[PDB]
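Engineer: Residues per chain are reported as follows:
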Amino acid sequence: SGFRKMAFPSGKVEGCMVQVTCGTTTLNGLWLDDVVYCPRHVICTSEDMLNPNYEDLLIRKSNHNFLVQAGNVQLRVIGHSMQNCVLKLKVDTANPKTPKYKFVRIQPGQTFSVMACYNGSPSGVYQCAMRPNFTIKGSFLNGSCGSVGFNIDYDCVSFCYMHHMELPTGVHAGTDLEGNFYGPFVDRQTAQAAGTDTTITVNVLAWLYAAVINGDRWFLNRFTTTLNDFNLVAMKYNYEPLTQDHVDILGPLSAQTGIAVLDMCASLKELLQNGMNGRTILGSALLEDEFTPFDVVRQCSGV
Amino acid sequence: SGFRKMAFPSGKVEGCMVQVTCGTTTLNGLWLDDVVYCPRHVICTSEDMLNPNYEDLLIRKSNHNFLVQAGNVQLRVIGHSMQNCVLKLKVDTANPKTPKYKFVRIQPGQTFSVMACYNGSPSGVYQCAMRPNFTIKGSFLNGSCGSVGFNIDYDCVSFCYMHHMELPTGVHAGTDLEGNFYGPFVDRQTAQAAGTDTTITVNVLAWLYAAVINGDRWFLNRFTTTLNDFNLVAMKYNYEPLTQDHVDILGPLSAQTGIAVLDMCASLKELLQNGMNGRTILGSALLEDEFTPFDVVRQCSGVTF
Ligand SMILES: *[C@@](O)(CO)[C@H](C[C@H]1CCNC1=O)NC(=O)[C@H](CC(C)C)NC(=O)c1cc2c(OC)cccc2[nH]1
Ligand SMILES: *[C@@](O)(CO)[C@H](C[C@H]1CCNC1=O)NC(=O)[C@H](CC(C)C)NC(=O)c1cc2c(OC)cccc2[nH]1
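Residue numbers (the authors' numbering), protein chains in the order written: chain A, 1 to 303; chain B, 1 to 305.
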């Protein structure tokens with residue numbers, strides 16, 4: 001038993017991180033097959049990053065302008081191209097540690113493992129959720145650009161995120177592996193704001209089911225609610241609406257605990273209107289929304 | 001910026017996880033060089049685990065009773081010995097993925113990364129802190145025994161934990177890599193209860209230093225205190241007493257901020273005696289105690305490996 005923010009084992013990705021240097025700008029790259037993926041602002045200088053004409057800056061670059069280091073060996077760039085915000089450096093050597101992989105675009109509310117890296121060296125691993133406003137709440141410092149987020153199914157690594165930016169509020173933004181940003185952000189050196197940060201309701205309910213599966217039921221109550229009446233209150237608190245598909249996804253957790261989804265919604269509605277006083281749920285004083293129903297099923301099934 | 005419970009990259013440990021099976025009992029083991037370490041109760045059957053005599057049970061076992069598998073590839077066992085609650089099996093193959101490593105026994109309050117494993121396959125990684133009652137708030141299912149906890153310093157993997165037990169309260173217990181349990185627990189199929197837990201003071205202070213580094217310093221006061229005075233007061237609030245090693249590991253954060261350790265102790269004492277007064281620290285009204293000073297430095301100045 002127990003419930004914990006859990007990331008996938010990172011070994012398959014560690015063998016793909018490399019360092020990419022252009023002029024005086026260094027960040028991380030992802031070496032899969034004979035291609036190295038990294039954020040395209042590596043080609044920028046401190047002055048270019050203010051308003052970079054990336055296609056203009058790119059054509060002016062030569063293959064030898066890119067220093068790609070994989071551990072100790074230095075890889076030979078035999079080609080360069082650009083797919084949106086992701087720079088694609090073709091190398092003369094295919095990464096032998098390339099696992100089975102696929103590029104996917106995560107949906108808001110879904111989770112993934114972040115492998116934070118600096119100078120091409122993996123430094124830490126943690127779990128994140130793609131928030132409804134397409135930001136994530138990570139831990140990234142100078143030099144973390146190029147770090148990727150991923151999920152692992154069987155032996156297939158599904159890459160979904162490459163890090164680019166830290167907003168003035170302290171949350172983070174990035175792209176999928178096709179170079180398309182999550183959210184309305186742009187890779188220029190400017191202070192940018194996200195949309196309003198709504199709460200992932202289906203995850204909050206999953207996390208409440210986890211608390212019950214782990215012996216905590218102080219927030220439960222005898223009231224019930226309709227889907228619509230719950231969503232009225234939820235939206236009033238800047239919570240995403242609960243769809244019937246969300247209800248269906250919570251099915252397994254409902255059966256296991258014996259608490260109907262709409263019954264859990266009545267508890268959550270009371271928590272939102274009353275607060276938690278001084279009490280805690282699974283050790284937290286706030287309502288956690290970065291746990292998916294699948295995260296809870298994985299850890300609490302059969303407990 | 002940002003603060004998260006962050007585990008070490010697990011690749012160096014993944015290449016060392018294997019499956020050990022005796023009869024029908026299976027669990028995980030740690031393959032380093034030509035030795036596999038695992039919990040000794042793998043020799044037990046379901047009924048044996050009730051009141052086991054491990055010396056008597058082990059005498060009836062031979063090298064050929066042990067199934068050790070890397071994936072689906074068996075590693076022939078050519079030797080076996082018992083050290084405390086850890087079984088050691090010599091195999092005929094030296095793990096080519098063996099990293100630089102050492103075995104360490106950590107202290108309460110220290111943190112490590114747990115490699116959750118099932119049937120020898122790594123499944124998840126997450127950070128834990130050894131509680132002052134020698135339990136960890138883990139996430140472990142059936143078949144998780146033999147999962148190890150580790151830290152990575154440079155290129156050296158320091159193994160400090162091997163999983164054995166889930167207590168009734170849902171927390172977890174286990175040993176170091178020499179088979180010595182953390183806390184007053186024994187590997188028997190019986191409900192055991194840990195001592196009353198307490199808050200990890202040195203980590204709370206580190207958390208406060210983290211706040212000061214980030215401009216949130218409303219809680220600093222003009223008071224100071226002695227180490228003995230603070231310890232006697234902290235014990236009244238369920239806080240662990242500080243050691244000399246605790247003051248020392250707070251050294252870097254103390255120098256970086258300019259706040260002496262005993263001054264921040266006096267500030268924490270204020271927070272315990274009068275509460276938070278409706279305010280928060282780093283966004284939370286709850287004092288966090290699972291971040292060590294190293295974790296705080298690690299996330300304010302990203303170290304690599
Ligand atoms: C990459 O490492 C750079 O290669 C970096 C991410 C780091 C920075 C510290 N925290 C992180 O997560 N990304 C950046 O520095 C990006 C670069 C653009 C894509 C060109 N910009 C920002 O993070 C950025 C610019 C800001 C600004 O305007 C100057 C105001 C406020 C915040 C802000 N952040
Ligand atoms: C190992 O996986 C078994 O090899 C397992 C730990 C797992 C199982 C679910 N959660 C975990 O952390 N360990 C056990 O099952 C141990 C085995 C002993 C070392 C022999 N037992 C317990 O953890 C145990 C026995 C208990 C009991 O007695 C019947 C009452 C209450 C709790 C309890 N836990």
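Some hints could be false.
[Unchecked claim] Mimicking EDC-like on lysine to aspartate or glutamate, the simulated pairs with C-alpha atoms at most 20 angstroms apart in a straight line are:
1) A:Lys137 with A:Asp92
2) B:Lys97 with A:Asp155
3) A:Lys269 with A:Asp216
4) B:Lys100 with B:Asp197
5) A:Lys97 with B:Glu14
6) A:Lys12 with B:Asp155
7) B:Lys100 with A:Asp155
8) B:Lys97 with A:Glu14
9) B:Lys137 with A:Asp216
10) A:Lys100 with B:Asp155
11) B:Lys97 with B:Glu14
12) A:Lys12 with B:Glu14
By construction, these hints were calculated from the structure, which means they are not laboratory data.
Engineer: Checking each numbered hint in turn, tell me which of them this model violates, lowest number first.
Structural biologist: The structure conflicts with hints 1, 4, 7, 10, although it agrees with all the remaining ones.
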